[PDB]
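In the block that follows, a single chain appears as structure tokens, in the form deposited in one PDB entry.
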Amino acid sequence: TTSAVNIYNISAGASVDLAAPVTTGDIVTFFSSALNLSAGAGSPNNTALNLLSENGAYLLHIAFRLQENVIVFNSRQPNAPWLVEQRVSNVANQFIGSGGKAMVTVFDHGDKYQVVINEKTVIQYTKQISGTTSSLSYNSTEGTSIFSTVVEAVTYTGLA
């Protein structure tokens, strides 16, 4: 079996097409060389990370909302409304192991997405939309990003 490693530099506000699709059994890890939580809980800062399908559907939308002090997980089809959102309270608490930097790992287990912040699993997300990830985006929905201007993404494909 031959696996593969792909590295991407994602600037804030951009979307990147993967040279190798992420499917069941594969992994994607986001590396931030900074952690800006200083605004604190209740501030209007919201940054997002998304895994998209070839048809443009949002297989996994990850929103770090400091205003409501929650991390939201959801999915939606193109030109359609957001589905059932899952939430995890206290943003800063999930990053406690961090310190100047952070990493977010998404495991595609086929029927679910396992998300881990640093060493802590924060959720086992049952998929609302099935499919292969062919593109990734990093957007600063509101205020300033909680991550570095450029995020490094590494995918581990051809595992299963």
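Whichever C-alpha set is largest while still superposing within 1.5 Å between the two forms counts as the rigid core. Residue numbers count along the first chain shown, from 1. First, how it differs from the form deposited in another entry.
When the two forms are superposed on their rigid core between the two forms, the C-alpha shift of 2 Å or more among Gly100, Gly110, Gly56, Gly42 belongs solely to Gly42. Once you line up the core between the two forms, the Cα of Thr24 stays within less than 2 Å of where it was. Here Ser137 does not count as shifted, since its C-alpha moves by less than 2 Å between the two forms after the core is aligned.
Structure of the form deposited in another entry, please, following the form deposited in one PDB entry?
Left out here are the partners and the other molecules; the chain alone remains.
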């Protein structure tokens, strides 16, 4: 009944600490002012957006792989191996209806993470690890990212 809006500018390769943690019922949107579907190969990821716990855990890892023409969703505890990785085929098909810019939205449904690309829901990822998101990262493969060098992030917390 007293929500909050937080805006962050995330440079590729950076990680920002949220001034307000993202928990169940809260939202996180990533804004890209560019879209490059014919950028190049990722090592292996061209672009990755991560929601991380205060322990360094990867609550949610989102990776776009142009050469493998896929999107990967996974998670993992700090200094531990990668877990069960879901995947969505065909990158470009999710960005249909873009036009030089993209929006990725993550809904934290407590026990799941709903990921939306613009207006299209791509997956209802089931949380392999639980907790509140206290920081986010935007990692890219040198010069072959599908998003702008700077990605804006708006978080809507205090909902439920």
